[PDB]
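A single chain, nothing else alongside it, follows as structure tokens in the form deposited in one PDB entry.
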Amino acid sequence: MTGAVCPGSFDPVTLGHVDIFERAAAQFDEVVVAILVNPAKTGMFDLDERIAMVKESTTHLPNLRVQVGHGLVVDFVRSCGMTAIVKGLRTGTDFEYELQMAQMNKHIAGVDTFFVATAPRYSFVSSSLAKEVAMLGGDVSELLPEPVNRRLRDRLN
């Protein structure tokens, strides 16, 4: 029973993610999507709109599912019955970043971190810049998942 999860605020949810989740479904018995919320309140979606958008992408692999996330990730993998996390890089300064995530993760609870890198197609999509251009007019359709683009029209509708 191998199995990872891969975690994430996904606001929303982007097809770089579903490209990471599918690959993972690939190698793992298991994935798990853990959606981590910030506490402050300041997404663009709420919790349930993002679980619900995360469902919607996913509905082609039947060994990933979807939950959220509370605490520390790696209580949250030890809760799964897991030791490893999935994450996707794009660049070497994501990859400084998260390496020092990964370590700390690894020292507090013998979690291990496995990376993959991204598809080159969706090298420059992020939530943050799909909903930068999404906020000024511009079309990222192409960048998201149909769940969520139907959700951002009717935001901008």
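Between two forms, the rigid core is the largest collection of C-alphas that superpose within 1.5 Å. Numbering follows the first chain given and starts at 1. What changes on going to the form deposited in another entry:
Compared between these two forms on the core, the listed residues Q67, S128, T91, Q103 keep their C-alpha shifts below 2 Å, save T91.
Could the form deposited in another entry be shown next, to go alongside the form deposited in one PDB entry?
Left out here are the partners and the other molecules; the chain alone remains.
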């Protein structure tokens, strides 16, 4: 009964996120994707849309499920009966801040954090940058699941 949580805001989910989902799914018996929305920061997609996009991109992963989190990621992790977090690393990641959170999460709840480097082809995509480029007419279709592409296309007119 091994398990890991993949936390994030996923606004929207990218192929960078999916690559990490797939690696977590391959190495742990169970994997929970936790969508932790910021109560102060409203992004582009609403919670239901973010859930849909994640679920639409992870139908091929039987041991993975999507779930909404509130408050501490470690509280969510423990409520799943798990003690592990898996985080992706890419080009631009604030790794020092990821390390700070990792140590903090370990300190407050005994939760381990495992970092894994995203595949090179998906190493420069992030949610905020994909949105920025897309909303200015740039083609990021290869850097996002097709369901996400369909929805970004809907917001052109």
